[PDB]
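Let's start with one chain on its own, the form deposited without the named molecule, as structure tokens.
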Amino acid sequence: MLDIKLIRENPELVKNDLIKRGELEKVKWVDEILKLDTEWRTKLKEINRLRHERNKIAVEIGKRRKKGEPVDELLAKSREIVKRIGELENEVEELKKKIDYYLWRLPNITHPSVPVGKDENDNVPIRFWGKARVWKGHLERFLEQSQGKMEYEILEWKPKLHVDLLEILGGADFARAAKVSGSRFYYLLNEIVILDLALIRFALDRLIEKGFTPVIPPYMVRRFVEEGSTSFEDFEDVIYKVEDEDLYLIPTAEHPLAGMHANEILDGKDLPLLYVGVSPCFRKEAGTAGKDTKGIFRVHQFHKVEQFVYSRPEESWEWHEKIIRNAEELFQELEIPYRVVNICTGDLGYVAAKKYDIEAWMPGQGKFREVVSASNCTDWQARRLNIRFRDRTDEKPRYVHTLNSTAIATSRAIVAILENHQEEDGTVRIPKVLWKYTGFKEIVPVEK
């Protein structure tokens, strides 16, 4: 939700951002909000005018109580004021709603460090890491995406895609999943199941060590926490609702982690609050027609360990940088070459004020694909969920700043590992880091 004060104090700043985001259809709202914000405040002025009047008309009837007291009239102007007052109050109540309706539907204001853009072809690579194994036939595309800024090694043989690797490794059954649940669902098997749990614990351990309290939240939540975590557009695009219940399947532990302190007032001394959640994630993937069919990259369900941070507005950005790094450290340990990216305004999304994505090099696809996403939501969620805080019990509670970020979303990490650590015969070597969790050190294909 946007801050009424902001629209009042700089409509041009907002209007321009709405345009950087490509949401022209809404710039016309800025004016309509003030239009209403204005009627709202004059009607207030009137009510007070009115309240003061009744006081005056009150003492006046008293003065006449001693006189001829022809107060039949005054007692009528009174009944009028009270008639008016309520009507106004109601009229005002109506304006606040129309105003709020629009405020809840406006994207967070972007930070000036956000590059201006149209789509994802305008995001901006700002850091690289690792030695990318590149197939001869990808050389140019790789170099365009790496900006020559990434170290690599050429491969004569062609790397296989994760979907194939899974099959030769006996790691999954797609056919049957489709029979049982439809498309974009899967049955994970053997080593791959351990690997999955393996990545969860790993992610868990690290964030805990860095002082995050581990939490397993409810997988189903009440509509308001979804309305307070993303835009109302997600209700059609991604969230599943269960029949006859005010219950929605969470698409990320982020949401329940945020609704955790809805309607509270935190004690500034506890801040920052550091949570690392684990939960299955459910997403409709309605907008995707056929961009990633069969496989476990763009699916309806998956596991993800998530970082959630409650901070004071002055430490948020410093934190935003901290979490994305926490995320980076994990993949480095997984020996997964990648590139962090600063997402532009057009592809930024309603909630984030600034977003950092870690796209991993995929030796098979010959391109970088999102693997983690770190966002600073400033006060957008707070303002919605009414999450405020105070330093001294004396006065005014201020809204806190919330930040979220993937640690490891298992499905997409497994792809990364599979494509990045494969060998000519299909064998996949597990990063040494994960040995204590997996047991095995590699996954050989069936037929040996």
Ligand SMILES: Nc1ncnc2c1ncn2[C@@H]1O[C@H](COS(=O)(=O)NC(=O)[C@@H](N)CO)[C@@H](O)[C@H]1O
Contents of the next structure:
There are 2 protein chains.
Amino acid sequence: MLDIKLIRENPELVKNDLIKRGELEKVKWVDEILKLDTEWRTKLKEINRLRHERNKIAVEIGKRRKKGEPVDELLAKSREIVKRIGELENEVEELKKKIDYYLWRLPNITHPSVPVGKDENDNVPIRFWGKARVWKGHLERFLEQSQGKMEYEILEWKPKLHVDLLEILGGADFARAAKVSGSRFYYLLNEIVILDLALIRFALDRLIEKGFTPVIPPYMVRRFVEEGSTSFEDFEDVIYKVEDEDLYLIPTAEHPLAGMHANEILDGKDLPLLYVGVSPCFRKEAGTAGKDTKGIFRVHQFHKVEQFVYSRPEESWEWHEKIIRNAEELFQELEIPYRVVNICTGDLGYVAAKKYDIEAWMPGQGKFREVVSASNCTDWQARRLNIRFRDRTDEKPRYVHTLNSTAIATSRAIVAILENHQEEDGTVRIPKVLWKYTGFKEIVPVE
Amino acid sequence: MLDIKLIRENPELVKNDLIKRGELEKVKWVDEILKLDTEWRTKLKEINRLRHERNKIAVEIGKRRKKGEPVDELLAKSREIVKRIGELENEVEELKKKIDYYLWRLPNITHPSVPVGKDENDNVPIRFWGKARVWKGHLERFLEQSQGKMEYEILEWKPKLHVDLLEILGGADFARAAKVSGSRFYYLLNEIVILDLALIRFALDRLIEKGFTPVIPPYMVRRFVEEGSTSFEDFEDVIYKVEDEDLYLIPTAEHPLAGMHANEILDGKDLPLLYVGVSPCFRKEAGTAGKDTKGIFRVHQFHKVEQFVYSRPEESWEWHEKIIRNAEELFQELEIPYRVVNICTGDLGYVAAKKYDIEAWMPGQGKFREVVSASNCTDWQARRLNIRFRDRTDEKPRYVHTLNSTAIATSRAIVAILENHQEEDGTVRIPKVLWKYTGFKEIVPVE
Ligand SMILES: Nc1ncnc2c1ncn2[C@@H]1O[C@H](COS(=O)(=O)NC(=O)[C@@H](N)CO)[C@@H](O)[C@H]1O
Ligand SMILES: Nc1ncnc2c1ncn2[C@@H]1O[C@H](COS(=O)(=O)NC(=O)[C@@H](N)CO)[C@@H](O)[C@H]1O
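Give me the form solved in complex with the named molecule now, not the form deposited without the named molecule.
After this comes the whole thing, all chains and molecules, with the earlier chain placed first.
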């Protein structure tokens, strides 16, 4: 939700951002909310004018009670003021309603640092890490995507896709999942199940060492926490609703983590509130149904360890910068080469002001693929969920800033590990850092 | 689902089991489906009679093509025949639907060893284990439910309820969960989060050592798998359905685990199939809303590690006995005193032929509470999901038997650990076997 103040004190700023975002069909809204806001304040001034008249007509009726007192008329004028006052009041409500409708449907204003672009092809790489294992046949793509700024080793044999590796490793059963639930669902098996849990504990442990309170949130939440966390389009594209209830399956622990303090005035001495949640995630992935990667890259359910932050507006950008580094550390320990990107205006999304993604190099796919997202949400969620804070019981509570970032979404971490640590025969070596969690050091093909 | 051959050859057997179960209402169905199945079988006979007649009547109508051919009378019967075959066919389909309606709503035949009883009270304790810590004010109920066959020790201080311990330890937030999702939902925090995951890993490692294949199933399944795993009653009372979708939230890994091999003829050589699934579980818990325990004992969402077994009918009873002991073993290492009960016909449920429950002694509650349940479903689920096996590609495939049993449902294992291992000052010592998983040796109060 946008602050009405901001559109009043700089409509051109919001219109131009809408254009940098590709939300042109919504530029015409800035003026609409303005003329509505204007009408809103005009009627209110009218109401006070009337409240004042009510007072005058009052002292006047009584002033006659001592005199001739032909009041009758004054009493009828009095009757019209209340009649009128009520109307204006109800007219002012409807007006606030139309104004907020737009306010809730406008994306967060982007930060000056986010590059301008049309889509994912305009995202800007800003950092690279690791030594990529590239197939001779992906060399140009790799080089263009890495901008020659990343170390790499050329591979003789052709590296396999994660889906095929799950098969040779006996780690999944897709066909029986399709029979039981439909496409893009799966049964995960054997060592891959241990690997999934291991990834959760590892992520969990590290964020805990950095001071994050671990949490297992509700997996089903009430509609308001969903509309308080993202744009309404998500109800059609990503979010599942459960029949006959005000319950929605969460698409990320982020949402229940943000609703956690809905309608609170936090005590500033506590900020920043640091949460690291674990939870399964459910998404419709409606926009797609059969794009390309056929295993566990883009499915209906996956596990994710999530970082969530409540900070002072003056501390958020610094936090943003820390959470993305927190995710970067995990993948470095997991020995996964990657590049982090600054997402452009057109591929940014409604909630964030600025967003960084970690796209891991996927030897088999021959490309960098999103594996984590870190967003600084400014006060966009706070203004919706009414999450404020006060430093002195004195007064004036202000909205907090919220941030979120993937620590590890196991689904894609597993693909990154299978594709990046595979050997010619299919054997997949597991990063030393996880040995304490898994037991085994590698996963060998079955026969 | 019950086998119709079974109700045709031994109707007394099934109505007697229905009366044992105290299902006087549906004892009537046996006669009903018998009469419906008779009509069905007969009309079916009629169909072939007429069909063969139609041919023999069309061969003699042409034999008249070479003769006088006063076939007008014949041409008329040939038309009466098809019109007859047509209505019979529809009568048949209608008949099949009515009998199936019943066949699918009929409980499994109980094993003679299942005690007759009306509700939980008539469940029979057959084994006890451990040394209970009993508050003096609970002495009577403890001896009542322990039969005085269990070692114990009287506490002069009143041990607390898990809900209060969760508060003092700082391991949960219920108020905020109610805000965001509704009642009987929660946020788990700090060490409780780690303990939860540690219990899942502990249960998995143990079942894996015993040769169970670890699996993470789909958490949402199509209606047919649910209808294949329980009684239809469960759609109203327990299972959440997702809007505009043939998807249902699973109440236990047992369901997708059973759905996994729906419509297959397994190779007997592969029997038994041993699976240990992990997954969150969702239940409506409609018959309640406010009963008694108000923490994480009866909630809408919990984690459970499930044991599932596909076996030859000749091995199912020995496996029933092995999986309950698998669960007992976990609870003994967890140092939780308990008793196990053979469930009476009244509290049995529709899919089990026999069931054992492990009831953990709960110091704070002052009573034994169900913590795990284990069943032998015989061929009830197998007949519904069409799961058969065959040793030689030559033989008629026959139905397998299925079994399921809790390994550890983390919610109740956690209340058991909190209540049995609390000290007077509020700290809880976590059992040794879990140290390798939790890291910490106990959980001390916060202030
Ligand atoms: N449909 C999906 N299937 C598998 N993994 C997914 C899916 N959607 C997202 N993910 C994983 O989860 C990560 C985070 O999801 S995200 O929508 O980009 N961002 C969020 O959810 C934020 N709350 C930050 O985690 C993705 O980068 C990816 O690693
Ligand atoms: N609503 C609930 N809230 C919390 N824990 C629950 C709930 N329902 C069941 N459990 C836990 O899960 C266990 C198994 O549930 S059960 O219905 O008895 N049996 C099953 O689900 C079988 N698949 C065996 O696990 C219970 O013993 C209890 O420990």
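Shifts are known only where both forms have a C-alpha. For clarity, a rigid core is taken as the largest C-alpha set superposing within 1.5 Å between two forms. Residue numbers count along the first chain shown, from 1.
Participant: Once the rigid core is superposed, exactly one of 328, 370, 292, 264 has its CA displaced by 2 Å or more between these two forms; which residue is that?
Facilitator: With the rigid core fitted, the residue that moves is 292.
Participant: What Cα shift, in Å, does residue 350 show between these two forms once the core is superposed?
Facilitator: On core superposition, this C-alpha lies 0.2 Å from its counterpart.
Participant: Core superposed first, then measure: what is the displacement of the CA of residue 67 between these two forms, in Å?
Facilitator: That residue's C-alpha is offset by 1.3 Å.
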